[PDB]
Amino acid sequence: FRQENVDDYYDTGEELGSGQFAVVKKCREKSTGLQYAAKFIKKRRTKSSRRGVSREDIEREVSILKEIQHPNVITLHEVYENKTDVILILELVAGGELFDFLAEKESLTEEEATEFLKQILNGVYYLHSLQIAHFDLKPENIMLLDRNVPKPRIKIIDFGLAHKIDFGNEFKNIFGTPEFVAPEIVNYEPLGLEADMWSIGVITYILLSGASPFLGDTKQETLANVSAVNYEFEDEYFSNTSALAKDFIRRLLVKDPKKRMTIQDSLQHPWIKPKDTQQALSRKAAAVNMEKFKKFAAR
């Protein structure tokens, strides 16, 4: 990587986000005036240290981000590193989370919702085409480039858990957020591209109903709901949801990864690509449960 000082090439501004051993700050490149996001990642530095991120893990993230160029994924611009930190100079995604944005609309049909969902599917299609599992797909890693345009571009971010899947599966850690992680992750079994598809199912479920499907009253119950694939389409939230949409979700929230809809299949699903007008109208007439979705988005 680049061993020079960040601060000789960039000025930094306000913090944008912070993780356990990472902070994102807004920055501006001196030589072009272009603005970026700088993600400072703390290295643990010694293998036995537990106060940072494994440098190998950092390289993995960097290695993946350098390979991807796609409108619905964040771009990597430059990488710096000093004694304590590796700094990723990333594309600045300024528009905030997708769900906060959708939360401001007065209503939302399933057809409009699929317009945004389709962009997520597109990004993931690209990633999966390159054998890349994201492994941390959840509403907060779905951002907008700019919330002030006719049709806003979705940006998939945070590749901190992402892996190349060369052998159809990988046997590792890879544990993200209880609410959105597939059963095989919860149960520490081998992990593949299909984990991402489960996550897509959870996001979709929340997008239409405002409800989290496997959210227990404690974190441990949440993981247990997930493992058992214990979810319902409770009438209180789904009474205005299409059968197509329900069928879409049902084919992703499948315990066996192997049985789960692939990204190629989900892009071909009639909820996503209606094969006839009746299906098209069905999706047009169904609606997002907007008052509960707004409450979820505000949590």
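Residue numbers count along the first chain shown, from 1. Heads up, when I say rigid core I mean the largest set of C-alphas that superpose within 1.5 Å between the two forms. Shifts are known only where both forms have a C-alpha. First, how it differs from the form solved in complex with ligand EZE.
- In a rigid-core overlay of the protein, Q220 has its C-alpha displaced by under 2 Å between these two forms.
- With a cut-off of 2 Å and the rigid core superposed, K83 has a Cα displacement that falls short of the cut-off between these two forms.
- Superposition on the rigid core leaves 99-101, 107-109, 148-151 as the runs of at least three consecutive shared residues whose Cα positions differ by 2 Å or more between these two forms.
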The other form holds:
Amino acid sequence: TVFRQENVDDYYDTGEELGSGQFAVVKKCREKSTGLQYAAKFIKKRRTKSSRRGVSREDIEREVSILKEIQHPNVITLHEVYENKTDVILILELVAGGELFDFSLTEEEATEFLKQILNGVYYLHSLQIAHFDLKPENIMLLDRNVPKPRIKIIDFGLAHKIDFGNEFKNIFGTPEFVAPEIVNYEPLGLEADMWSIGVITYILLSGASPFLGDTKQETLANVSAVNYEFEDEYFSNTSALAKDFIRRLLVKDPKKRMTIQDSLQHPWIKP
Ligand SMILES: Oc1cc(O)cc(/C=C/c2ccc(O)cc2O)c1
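Starting from the form deposited without ligand EZE above, please write out the structure of the form solved in complex with ligand EZE.
Everything in the complex follows now, all chains and molecules, and the chain you saw is the first one.
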């Protein structure tokens, strides 16, 4: 699939940089024709078949195809796609409130964010989309100054359609947040996202990462072994029902882990 090959600078003006990654940079931008503001994600293309730098066109097209499907208040939306010899440029919804990461919470404040995350993931999983990269860095806010901000899931760079219940691909996500099946290179499905939500919930309530070791290999080994516990110093005033929610997500066997529908019916969440 080919994208718009006119010069993006003829239609948008860029401004403040919003984020920077290994093969992508995100810049605030403004469309000349409407004055409306967006985020332009510039993704570096691979320049040869066998190269390791840049993103393969297969991976870019999968991300764009997934982004084109989604329209939900808790997920970022795609406006337009451009390309040139060097980059594919996604013109994405502007989410300006910064990361949930940059932003310890009470259980009401945690659940207010968490319910929005669960609503967004329920939408994705309903469409058989696994995100595969859920972490606080990929949960942004629309306005960080209100008492209960509205969140958007970003970064569909690892997302995959799961039309056979599982996919057999390697997912190089962030060690602190990936499920054991990712660590062990096993078939992957929607369940991996539910583990990541469990990690996110643990951090939201305590300010501490449940599996984090001193090195990446330590973290991965801890994930695979389900080596975590609720430290009383951090959880002494957290309800047992909040701990129950986390415990039913941080489960090694994906078949025994709570699904997104289970998580919405769990007594800590269900109104
Ligand atoms: O408005 C903003 C601000 C910001 O810091 C990041 C983004 C989007 C990042 C992003 C979204 C979708 C995707 O497939 C990949 C991405 O990197 C949007």
